[PDB]
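The chain that follows stands alone, in the form deposited without the ligand, written as structure tokens.
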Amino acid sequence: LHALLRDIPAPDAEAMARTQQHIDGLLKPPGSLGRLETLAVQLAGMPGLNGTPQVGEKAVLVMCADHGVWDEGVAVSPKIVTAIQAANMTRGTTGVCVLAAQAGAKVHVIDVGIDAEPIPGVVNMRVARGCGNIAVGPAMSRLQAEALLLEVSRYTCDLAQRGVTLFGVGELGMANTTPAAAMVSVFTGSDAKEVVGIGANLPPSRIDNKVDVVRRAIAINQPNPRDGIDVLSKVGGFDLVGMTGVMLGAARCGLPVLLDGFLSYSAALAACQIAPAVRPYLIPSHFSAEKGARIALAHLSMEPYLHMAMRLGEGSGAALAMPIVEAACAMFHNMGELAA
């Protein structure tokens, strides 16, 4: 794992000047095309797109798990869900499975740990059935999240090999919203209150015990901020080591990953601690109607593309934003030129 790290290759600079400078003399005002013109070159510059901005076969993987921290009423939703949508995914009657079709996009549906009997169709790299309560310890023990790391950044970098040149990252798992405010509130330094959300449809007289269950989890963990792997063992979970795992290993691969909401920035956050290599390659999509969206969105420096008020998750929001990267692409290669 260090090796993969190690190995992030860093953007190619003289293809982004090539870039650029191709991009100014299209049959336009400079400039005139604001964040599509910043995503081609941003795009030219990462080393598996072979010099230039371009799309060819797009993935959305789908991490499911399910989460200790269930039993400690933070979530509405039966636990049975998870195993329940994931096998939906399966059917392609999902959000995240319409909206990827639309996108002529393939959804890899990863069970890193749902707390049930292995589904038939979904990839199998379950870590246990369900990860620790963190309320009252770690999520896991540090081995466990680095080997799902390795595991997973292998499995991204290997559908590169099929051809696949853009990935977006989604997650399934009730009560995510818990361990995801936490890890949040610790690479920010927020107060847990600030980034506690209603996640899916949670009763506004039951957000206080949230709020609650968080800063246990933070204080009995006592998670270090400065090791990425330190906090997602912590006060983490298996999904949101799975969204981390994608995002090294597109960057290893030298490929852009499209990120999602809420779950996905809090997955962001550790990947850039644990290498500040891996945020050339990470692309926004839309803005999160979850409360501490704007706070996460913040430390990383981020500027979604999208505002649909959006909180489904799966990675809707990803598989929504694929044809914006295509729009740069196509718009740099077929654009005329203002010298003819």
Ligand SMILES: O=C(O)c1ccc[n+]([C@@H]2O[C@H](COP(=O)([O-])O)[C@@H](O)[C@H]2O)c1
The other form holds:
2 protein chains.
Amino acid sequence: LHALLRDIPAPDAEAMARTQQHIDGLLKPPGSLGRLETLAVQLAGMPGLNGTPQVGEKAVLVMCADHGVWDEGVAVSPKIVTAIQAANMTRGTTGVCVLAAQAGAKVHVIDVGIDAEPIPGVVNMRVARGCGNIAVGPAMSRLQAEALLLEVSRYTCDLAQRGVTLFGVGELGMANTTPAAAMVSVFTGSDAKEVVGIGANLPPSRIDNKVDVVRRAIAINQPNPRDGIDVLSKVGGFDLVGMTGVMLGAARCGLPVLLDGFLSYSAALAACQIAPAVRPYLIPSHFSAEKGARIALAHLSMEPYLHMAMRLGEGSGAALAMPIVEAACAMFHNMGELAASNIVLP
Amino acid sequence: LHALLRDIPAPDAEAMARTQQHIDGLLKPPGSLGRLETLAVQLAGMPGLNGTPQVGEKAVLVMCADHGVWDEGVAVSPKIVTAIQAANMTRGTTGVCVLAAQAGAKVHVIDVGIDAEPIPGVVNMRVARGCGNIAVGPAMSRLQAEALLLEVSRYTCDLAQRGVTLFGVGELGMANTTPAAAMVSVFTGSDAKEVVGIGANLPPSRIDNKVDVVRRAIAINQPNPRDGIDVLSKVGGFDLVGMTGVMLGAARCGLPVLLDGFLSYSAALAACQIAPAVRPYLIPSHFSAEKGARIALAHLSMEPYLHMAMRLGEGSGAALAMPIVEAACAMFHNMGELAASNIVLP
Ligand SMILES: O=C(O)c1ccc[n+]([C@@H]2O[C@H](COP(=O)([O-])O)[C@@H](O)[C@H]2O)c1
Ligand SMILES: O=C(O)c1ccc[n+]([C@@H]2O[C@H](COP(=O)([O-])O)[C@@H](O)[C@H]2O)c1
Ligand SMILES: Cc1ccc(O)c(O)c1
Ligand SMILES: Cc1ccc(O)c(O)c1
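Form deposited without the ligand done, so how does the form solved in complex with the ligand look?
Now the complete complex, all chains and molecules, led by this one.
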């Protein structure tokens, strides 16, 4: 693992400089394509993309797991919805399945801790049947967190060897906006009330309890904010750990990763805390409607491309943004050049 | 024309209600897909879409023309760039050409007033070789404005008969952010300084002059803010009129129209002023980096889906947003239903 984190490649400044020069010469006023140009340069800096903004195969990894804190009354969805929805993922009927298909991406359903029997068709990497209730203790041990990190990391970069050049990250797990809020509170240093949201339609009357639970998880576990792995293992969850692992794996592989919503933001905070070298490989997708989204994004210093008020999860936002990444590549490789049309602009 | 404006169909509330009910029953927490759900309902209300959110063929109409006000030193791009770029449109090398291709849409280059010889391959609807200099008088007569409105309207709805169900609007014309700023100032009642931007990389030192020109155009022409056609003919342009015509045509045809950037916003302001019944058919795409974008959008009461800091024009934003409209349709027709999985959520 330490080896893994040590070998994460830095961005290729040489390719980035060649990228900028080429973009500036395209048939358009310099900088007129804004963030689409900035995106193309970012991609060209990623060693796995072979010195140029390109997109081969696309995959969306969905980490599924249950949480013990569900028993604290912080989620109104029946706990079995995690297992049922994970099954539907294999039938291509879920939101991410439909949005991925539209983007020509393949969805990978990974079970990292669903509290139910194994689901055939789903990748089995389950640590246990749900994580511990963070309200009364840790969600898992440090070893378990590190093991899943390494496991997911390997799985991700292994896909790269099969032609995948762009990843999307996602999750599925009733009650996960609670540990996510806890993680965001710890990493950003914001009060719990400022980052706890409604999750999957939690009644306004039940918010207070959710906030108290988050505070309790922090007070009792005392997670160290300067140790991402310590935070993940204490007030996190299997699914959150898994998303963090996809991010480390893709970074080590020198490939881009599209974030999704609020849950992904907390995993990104952990990942950047564990290995800052991961930041250059992260690409935002949409701005989640979850209350703590703004705060999380600011500390990540990210500005989402899509404002859809979405709050579904599954990596649905990620899939929705994939066409945008391909547009930056198409812009780069297919546009004509000013010099060719004898056009001279200041 | 009055007949045209009289026959614009109202939205189908019955289809919209059936849409909402269906969306609420999909495999997801109610409302979790946010604006993607709202979009699907809007589409279902449009008579031309046959009571359901769907997308057949897609077209992007690009209105090209030159402006007399270019002589006031408000644009740093050589005037011939309009004609040259219009030609490149027929070669598929421009920004909108590349983004449209990625979205499977066809680009329609329409010359409504380029100051140059006719360009083969380009649809000819030119009123004159550039419009009058709005700084010293009107850009065109009311008759010319109305004629082009009717002409473009007919062209647009005629395409609908060929299988097109989704339109994108765009333009091309050096110095057009000036008349656009003037129109926005008149319609919103904002001071010129608050809505005049840099356009296509106008040096900060030359902004003052641009603002004075805009004010002069208004003072000398005295456009009536309660008469969209009066505004368009006086301080507008052929390209702006054309975009307004696409919007009226699609509305009459009961079909959706995707706006693009700042120039499109001013044409949308005119269109809604001329016929309020057009509003329900308008769909925002991106948030233009032009200074007056926020003000224009607020008066249109619209919130763009994409934040890309783009300011190219050509309808490039429109094309970029087409995949989003198709995603709302895919969501609607392809997702599974809660009742089928025996899932019951509050
Ligand atoms: O991705 C988001 O921004 C997001 C925001 C709110 C809720 N969710 C989804 O809803 C679940 C978490 O909500 P909850 O109320 O059970 O804590 C989980 O399965 C997520 O996929 C997801
Ligand atoms: O679409 C926008 O928001 C947009 C914002 C700024 C500039 N433009 C493009 O640049 C031109 C207008 O810029 P300008 O400086 O000549 O007034 C015109 O050809 C547009 O296509 C377009
Ligand atoms: C070359 C160029 C100059 C100005 C524009 O608005 C454009 O779309 C292209
Ligand atoms: C049916 C359902 C419930 C909660 C979710 O987070 C989800 O993606 C789907």
